[PDB]
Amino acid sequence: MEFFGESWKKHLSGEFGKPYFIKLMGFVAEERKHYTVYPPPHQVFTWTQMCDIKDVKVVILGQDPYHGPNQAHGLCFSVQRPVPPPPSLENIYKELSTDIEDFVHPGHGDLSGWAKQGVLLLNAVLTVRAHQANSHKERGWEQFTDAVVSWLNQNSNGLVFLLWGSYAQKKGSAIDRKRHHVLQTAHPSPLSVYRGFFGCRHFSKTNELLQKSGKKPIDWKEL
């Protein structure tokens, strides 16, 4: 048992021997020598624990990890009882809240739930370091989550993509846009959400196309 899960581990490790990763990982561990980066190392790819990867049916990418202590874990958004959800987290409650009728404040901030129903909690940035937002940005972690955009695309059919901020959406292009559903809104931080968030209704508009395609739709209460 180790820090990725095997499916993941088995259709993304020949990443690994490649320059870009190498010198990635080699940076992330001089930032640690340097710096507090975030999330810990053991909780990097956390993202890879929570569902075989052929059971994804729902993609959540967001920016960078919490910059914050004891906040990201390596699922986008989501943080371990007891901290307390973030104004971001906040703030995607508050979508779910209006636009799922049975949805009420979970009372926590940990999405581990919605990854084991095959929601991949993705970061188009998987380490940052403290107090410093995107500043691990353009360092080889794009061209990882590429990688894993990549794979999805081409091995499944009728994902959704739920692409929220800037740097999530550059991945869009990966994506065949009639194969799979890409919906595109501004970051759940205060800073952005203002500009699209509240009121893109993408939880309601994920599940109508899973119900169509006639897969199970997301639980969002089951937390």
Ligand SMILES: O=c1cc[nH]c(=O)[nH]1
Second form
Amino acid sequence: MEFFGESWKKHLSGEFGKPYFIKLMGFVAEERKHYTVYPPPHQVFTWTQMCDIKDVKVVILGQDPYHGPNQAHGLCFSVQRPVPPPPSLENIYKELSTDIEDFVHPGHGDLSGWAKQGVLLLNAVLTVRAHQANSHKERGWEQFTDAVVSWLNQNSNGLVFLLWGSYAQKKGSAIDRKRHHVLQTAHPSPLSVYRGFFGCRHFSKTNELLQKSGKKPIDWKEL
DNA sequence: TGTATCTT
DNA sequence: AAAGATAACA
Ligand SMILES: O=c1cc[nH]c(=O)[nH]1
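Hand over the structure of the form deposited with this ligand bound; the form deposited without this ligand is what we had up.
Full assembly next; the chain just shown is listed first.
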């Protein structure tokens, strides 16, 4: 119980009774019986437990969870102490250090600090079979995360979406590019970071857009 | 050994 | 689809 934060469950509950969702949860359940799936069930929706849905100001959309033991916990790119930051996160910190002058490696990989500030740390696909990246794509997660993006698009204003990677970028078409700001770059994984993530300056750019629309910027060092 | 994106 | 090529790093 209580895997979903109250305000999130209230606005996404309409998906629960849909065939694709019932079949999606059915698939993940069958998978957990034969393989190790990440993150654990009680953490698949951690991204709804950090702030009220109406308080989201920035959305970071990744591809799918870390596929190693004890890494993924429901917030994209984040890992709970004492787990060391995986390759993707070390790259995010590397960019943050050159993008934000006051930013220095926090010495851990827990990104709850950002989420509590209204930064939704979402992935297009919310589960993954151990050691197999994007193994759970096209099973129904995409329509669910589409519902999340769609609600935010219609009920919020001036949000800043950071779509990292081709899969996250599939959601760009559902975002009113006039009402919200969409920043797109390569995924921070070592296998693609060199295609543009380094130098993208999305963190400083995100705050410029927020402050321009009179909103409090994100303190990226607040972790 | 191990962490995307484009092409056939 | 899904496998192969291409691709930084350590
Ligand atoms: O949560 C995560 C971690 C790495 N890469 C992603 O796309 N998401």
